[PDB]
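There are 10 protein chains.
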Amino acid sequence: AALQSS
Amino acid sequence: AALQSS
Amino acid sequence: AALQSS
Amino acid sequence: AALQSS
Amino acid sequence: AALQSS
Amino acid sequence: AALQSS
Amino acid sequence: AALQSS
Amino acid sequence: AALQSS
Amino acid sequence: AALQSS
Amino acid sequence: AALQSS
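Residue numbers (PDB author numbering), protein chains in the order written: chain W, 328 to 333; chain E, 328 to 333; chain S, 328 to 333; chain G, 328 to 333; chain B, 328 to 333; chain V, 328 to 333; chain H, 328 to 333; chain X, 328 to 333; chain L, 328 to 333; chain Z, 328 to 333.
To be clear, the hints were calculated from the coordinates, so they are not data collected in a lab.
Taking CB as the label site, the calculated pair distances span: (1) H:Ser333 x Z:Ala328: 13 to 21 Å; (2) Z:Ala329 x B:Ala329: 15 to 23 Å; (3) L:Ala329 x E:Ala328: 14 to 22 Å.
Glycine included, every Cβ here is placed at the ideal spot set by N, Cα and C.
Construct all of the structure, not just a fragment, from the sequences and the given hints.
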């Protein structure tokens with residue numbers, strides 16, 4: 328699982 | 328921003 | 328923004 | 328599962 | 328920003 | 328920012 | 328699991 | 328910033 | 328598990 | 328497990 332916030 | 332993985 | 332995966 | 332917010 | 332993986 | 332992995 | 332906030 | 332892994 | 332905040 | 332805050 329990959330979670331990215333920018 | 329809210330990111331949730333389960 | 329709300330992202331949810333289950 | 329991949330979650331991305333930008 | 329809130330990131331949660333379970 | 329809050330990052331939680333379990 | 329990969330969590331990234333920027 | 329809060330990072331928690333369990 | 329990898330957690331990164333910047 | 329790898330936790331990085333900058």
